[PDB]
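Just one chain follows, in the form deposited in one PDB entry, and it is written as structure tokens.
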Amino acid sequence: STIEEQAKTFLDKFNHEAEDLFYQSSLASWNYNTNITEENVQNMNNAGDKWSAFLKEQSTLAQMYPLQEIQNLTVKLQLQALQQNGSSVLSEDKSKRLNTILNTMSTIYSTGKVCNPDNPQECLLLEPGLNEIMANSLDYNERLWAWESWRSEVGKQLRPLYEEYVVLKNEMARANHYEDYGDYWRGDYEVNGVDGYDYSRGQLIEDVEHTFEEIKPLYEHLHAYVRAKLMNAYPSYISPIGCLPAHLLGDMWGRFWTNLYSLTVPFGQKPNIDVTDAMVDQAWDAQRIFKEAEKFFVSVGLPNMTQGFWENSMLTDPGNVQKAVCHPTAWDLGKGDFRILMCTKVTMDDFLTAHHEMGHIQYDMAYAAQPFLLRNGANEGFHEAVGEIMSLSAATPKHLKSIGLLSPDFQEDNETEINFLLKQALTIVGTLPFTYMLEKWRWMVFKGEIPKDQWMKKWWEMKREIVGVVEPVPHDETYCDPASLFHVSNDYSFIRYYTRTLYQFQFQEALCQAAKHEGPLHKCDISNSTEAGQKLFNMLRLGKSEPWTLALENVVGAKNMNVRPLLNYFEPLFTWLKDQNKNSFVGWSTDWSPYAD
């Protein structure tokens, strides 16, 4: 029989052992992220250590098939993955150290503690505490300790191992036909096979570059507007001309300025559109949330969460007695097993993140029925970009209103608009420059453009030009600030958040028009419309068996990342920021300082 047949099986003989062999790891791997005992650690790095050996072995027993000599395009690209020597390319008993490094980094993060100065016994984990503070405290000082202490106490520990991490990981990358590890994560976005749809790795970069320009204006005015209302509540601390201090951003990293809402609300007297409060005066809990969320997908086609999910997902920190990584994550253990690990809180933040995490799931399912080594979203952007297509709709006063956290509200005042839209900006635009800059530095390093002795160097120089933010305390190259933001210390590429942000609005400008909407998309409902659910559905199911470029094209006109639908969402808020800012200065100083004073 044909040779494009010794594989059409070799693959399927693979999709069946792997799934279980995987699930064997995902399951143990889960006992860890849910209880950082240690007994659980080993069990875990034993389950994947074999899957390691499994995949490794099946890599050689795979490349036994020549490149082409294969049709049915799928069968070929599916082959692609396997042929690539995994991180096995490493010195067997070397990659071990990587894990040793990887595992720690994780624990350090979800376990590290800073302890109150005036009471060696009042220690705070990052969740919550360093977190609740960096999200609520208004005491420039409380804010300040938390910020520094975290980076100081834990951050510093990370350093040593991060230095080893880039190295080890790099060697693995480059010894795999890539320029570095970054070139690797840029891989995800790559597509070859198809012509006119081919997308290169070096592209993803300059494609973010370009798309970033049209994003700057809207940022600056948004940044120069919140340097204002931020001075208004921390006078004598921030210059009306030089990037705000890192600890007043609304959260440990300033990744999201969504908590600077009460300090920046444009018309703070209209009905708060941060139903974080209405939720408490209704006693909303974890379930109720993930139930009110699951209720959304079901309104637009997509199924209800499986009873298996409801019986294993950890939707609240088990508190003292068992320590689990609290970062919200949507798990796929395969074999039909779907779970979500999130230390849910009754915030409006956790209301949306639920719509996120869930979205991950609704996707993981939507492409379940698909060759195992192919079920995986067109690309990271897409996976991230999905739950955000919901939060976009399920956060509009409209929805929020009808849902409950906003009984019969003041019509929709031409002002509740700039009001609602400023929050979004806070969350969505706030992150773009932060999201970008971090990955850039992340690339620069793997690349090489930043020698070990210049890490915290470029990092803050950068945080200054691009993000438009400065550090409250000179950080020596003893630190490692960009290793105290989960994502970093636990692998996870970061640029999917950038890309996800732009995909987000393209998919939305299409579905509204696929539910017959007739206003700006920042008024677009999308709930109850199967016309919409359906469309998106026919998209999710294809897994990663179709270049995202084509997939994108088949869903929303363009076959690539478009910044304009976003610029359209925030056009109302922009022109207004224009006004409000008329007197205030748009831009910032890359030489200022809140301490050099």
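Heads up, when I say rigid core I mean the largest set of C-alphas that superpose within 1.5 Å between the two forms. Positions refer to the first chain, counted from 1. First, how it differs from the form deposited in another entry.
In the overlay on the core between the two forms, a shift of 2 Å or more in CA position is seen for a single residue of 202, 319, 451, 117, which is 319. After superposing the rigid core, the Cα of residue 516 is displaced by 2 Å or more between the two forms. Relative to the superposed rigid core, the position of the CA of residue 254 differs between the two forms by less than 2 Å. Once you line up the core between the two forms, the Cα of residue 433 stays within less than 2 Å of where it was.
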Second form
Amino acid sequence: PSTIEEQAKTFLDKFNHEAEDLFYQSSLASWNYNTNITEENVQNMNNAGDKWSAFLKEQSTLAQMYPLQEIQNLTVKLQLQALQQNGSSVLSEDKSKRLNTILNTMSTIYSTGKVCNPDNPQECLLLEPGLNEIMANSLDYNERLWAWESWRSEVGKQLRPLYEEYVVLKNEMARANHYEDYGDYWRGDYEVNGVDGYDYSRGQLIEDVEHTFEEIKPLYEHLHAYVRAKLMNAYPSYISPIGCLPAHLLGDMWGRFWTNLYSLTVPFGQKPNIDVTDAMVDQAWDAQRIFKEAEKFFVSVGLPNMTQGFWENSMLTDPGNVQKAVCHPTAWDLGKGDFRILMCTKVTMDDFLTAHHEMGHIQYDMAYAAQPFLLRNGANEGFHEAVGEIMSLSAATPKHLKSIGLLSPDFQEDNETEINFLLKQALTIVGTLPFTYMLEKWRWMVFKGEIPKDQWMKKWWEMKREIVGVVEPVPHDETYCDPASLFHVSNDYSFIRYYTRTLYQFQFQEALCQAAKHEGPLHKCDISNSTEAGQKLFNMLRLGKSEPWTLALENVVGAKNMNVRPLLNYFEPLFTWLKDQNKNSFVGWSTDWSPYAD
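What would you give as the form deposited in another entry, now that the form deposited in one PDB entry is on the page?
Next up is only this chain, free of partner chains and other molecules.
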């Protein structure tokens, strides 16, 4: 007599063996292309990738013939559910094809969209590098305005009809899988059922995101007020002391991060910044040494060294000029004990921190390789990135840099270099939080039906002005689709992951630094040499996604939910500084001013 649970276990054992081999061939084929861009390697990548997708669809369908309702073992149930999500294959074949066409057309418009200067019809720019170089480096108001506007009017207007059809089909797919819409389907990533004390509902994520966003508002308003005041000094005729910031003056194509405003906003503009690039060059470091130092970092907290295969098979430098490579830094888990990093490493401080971030992913990947295939991931979509981020926090601190001999002991840390550092951090980390929440709230509301088609762009800019404190420099009607002018929206990726990641990373860093007995402000903390910190982290890393993410979080930080207090703790010295700087300024924004309303 053979139960369904016993039948499921046996089915998963077969799947695990077949999956691991087919996935390795796809991952390795992907590797050979990204490291050696040739027409031949595109084919092999697509052949092995297609064999992998075809196996998955076959195994998803076979998996559905075991009912979840009749499984008690939760780790079996989790694996069955993850393979059983057939996604697009719940639609008719006609609608699957329509949707996949739409997705592909939106993706290639985004990546091949071009604007041409209205002086030369043949001198044209793509987003990358052309328009992005304008938006991160230009100080000229009209040049930035031209890039911002023509990107949204040339490419975004193309995506508007496609995006309308994408919502309809994604909602049909979501509703046929018994979610209430595609947004609810995305929030499914945080769902936990059947584990008493650790359950978490899809609707609870909206509540926790909004409740935590309220507590971030005061720090954001003061950051916004300080930035607006400094830009008002640079652009006196373009910025109102009570209005929103114009959306094309934020340092990238969307105002997604405010990193590049640093040079116009640096609080103490003559204090030396910390850049250890010149010391690395003086000391003859290469890519090898950087990754050796990052390995020394994780070993010092009790995690393993890198495998022998990691050193032999990774690509840590640009492969010369004969072969071309995709140089975006990525950590690779191919299975079968094979872990690699791809990175076109230059001898700079940024690439030193990036090496630590990327090796953090590998550390996460190695620790859960003992889980079954389908549980080998971060506990939820925000965990992996959070693990990467906290590695670069420690590696960049003056304490760590002095410790490894890249920073002179005679370097003097004071009030002011910390305020400068914290401001630069805040421009990246805190400035993106209202951008990220606002964008995802808009998509959620569109998928729910709360924003009719004829009010998409109207509601987008009302929410930009009201939540983000940013205003469009040119009125946009409904022929526009400005959200889709951002990669993640037109390439069909969930976005709240950048919000939850940011809260997780300071929760992790606060927990680890307490375990490391760190003295003083949280932002000066280096967890190096703390085997207690390394162990506490490892107890969550090895879980993969075998446990509810709420439990995984409790393991590191002793609390079951996302929490803003550690983030505010990290930025408290800046917050009190901003509050005192702003005592002569207006804090907050009026939504009715705009650059074009005169």
